[PDB]
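Okay, here we've got a single chain as structure tokens, the form deposited in one PDB entry, with questions on binding and movement later.
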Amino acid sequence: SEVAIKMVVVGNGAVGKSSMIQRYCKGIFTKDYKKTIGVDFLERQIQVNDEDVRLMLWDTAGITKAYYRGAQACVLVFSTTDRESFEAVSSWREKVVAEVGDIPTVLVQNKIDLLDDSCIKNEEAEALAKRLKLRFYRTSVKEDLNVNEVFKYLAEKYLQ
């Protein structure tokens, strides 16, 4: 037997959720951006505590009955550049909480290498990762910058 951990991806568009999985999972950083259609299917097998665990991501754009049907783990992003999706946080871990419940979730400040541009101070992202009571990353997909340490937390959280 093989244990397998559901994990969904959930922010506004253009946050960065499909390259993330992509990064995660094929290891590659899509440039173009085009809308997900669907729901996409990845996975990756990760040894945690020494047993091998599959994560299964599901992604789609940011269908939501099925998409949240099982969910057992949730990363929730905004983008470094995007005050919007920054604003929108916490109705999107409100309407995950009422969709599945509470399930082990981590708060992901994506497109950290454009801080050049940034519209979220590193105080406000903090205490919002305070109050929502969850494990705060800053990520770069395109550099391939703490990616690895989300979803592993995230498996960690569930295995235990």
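For clarity, a rigid core is taken as the largest C-alpha set superposing within 1.5 Å between two forms. Numbering follows the first chain given and starts at 1. What changes on going to the form deposited in another entry:
- Shift analysis on the rigid core between the two forms singles out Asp40 from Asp40, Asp117, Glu124, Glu94 (C-alpha displacement of 2 Å or more).
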Second form
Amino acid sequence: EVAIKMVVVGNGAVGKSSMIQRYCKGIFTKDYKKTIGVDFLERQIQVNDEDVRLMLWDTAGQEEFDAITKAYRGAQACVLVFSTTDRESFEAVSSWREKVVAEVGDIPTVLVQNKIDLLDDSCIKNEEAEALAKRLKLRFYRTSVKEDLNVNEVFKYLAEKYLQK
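May I ask for the structure of the form deposited in another entry now, the form deposited in one PDB entry having been displayed?
A lone chain is what you will see next.
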């Protein structure tokens, strides 16, 4: 049995709260802004013959970039999220990465481009997202929380890397 605290980080409106609700509750609602009224949601899964309890902590956006918060404290893995339709959220990734490393150190991390169902309206070229992932040395996923596309894979990857580097 292992419990893993995972923090989901990135600019406002990229889909962090939706991603957590999708993974832990299996829902996607039509609201302009999602809310999680508790510190974290959780999902208990089996990974490589071990029982893992994933505790997914939501965060605030760039308006709280300098904030030192409970969601980051003792985080054991991290999802860095930007949005297909928000170039500023992509440009912010390196700053979010540096913030997490300075607060918790080196923890398993993945880079996620969410809202890939909106590719027609993309503001990020595929080559530049892949180039950033290679520069930060991070596994990169293109996700659609709305379509339940690659969400499960993100958390499974992080749990496996926590268990075996």
